[PDB]
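Peer 1: Place chain A on chain B using the hints.
Number of protein chains: 2
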Amino acid sequence: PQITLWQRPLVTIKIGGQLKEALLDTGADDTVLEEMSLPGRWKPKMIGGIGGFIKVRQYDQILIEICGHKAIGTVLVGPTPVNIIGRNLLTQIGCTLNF
Amino acid sequence: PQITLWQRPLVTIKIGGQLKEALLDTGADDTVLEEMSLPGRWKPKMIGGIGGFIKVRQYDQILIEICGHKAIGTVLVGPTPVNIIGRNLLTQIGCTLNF
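Those protein sequence lines, which keep their order, are chains B and A. Mapping of the first sequence onto the authors' numbering: position 64 corresponds to residue 64, and the numbering continues sequentially without gaps. Mapping of the second sequence onto the authors' numbering: position 57 corresponds to residue 57, and the numbering continues sequentially without gaps.
Just chain B, same shape as in the assembly:
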């Protein structure tokens, strides 16, 4: 699709077998989701945003279907205000900014 930007670009995602919604965020290097269960080993990481740093758990090679499109990559879990799909997964669906 072509998504205009008059409202937040929220889309349906499927992760962990569950439907959620998340913000397509070209300003985020990687993907950060609110607290949830994911498979595999996690590693502690710090990530920085506009207001400072937060602690997250990093999971590797996680499957996420974004508007029906498959992506596999790193997913961070932590106290983000909103679920964010960052560039590491946007690239996997061929997302581009067009003007």
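Hints in this document: simulated from the structure, not taken from any laboratory.
Below, a sample of chain A positions facing chain B; criterion: calculated Cβ distance under 8 Å:
| hint | residue |
| --- | --- |
| 1 | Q2 |
| 2 | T26 |
| 3 | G27 |
| 4 | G52 |
| 5 | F53 |
| 6 | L90 |
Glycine included, every Cβ here is placed at the ideal spot set by N, Cα and C.
Peer 2: Relative to chain B, chain A alone:
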């Protein structure tokens, strides 16, 4: 252009004769810049994102050129580590997300 997301989508911006660079950020409601000596009145307000909140000065009706495209809109000036072009200005240049 049609900008992929393998690297941060930084573009040239021009305000008052000053050339800077800024991140095209679909995750931001607002545009947040470094100090640019914008003349005129402002309104203080708080914004936030990952990591917490920051104080900004809101300046309206700022003329900005973003990757060559002229726009007019509100700019928030505050202690952001990276200049961010948010949706309020992405809409004005006709920017969409596509996949």
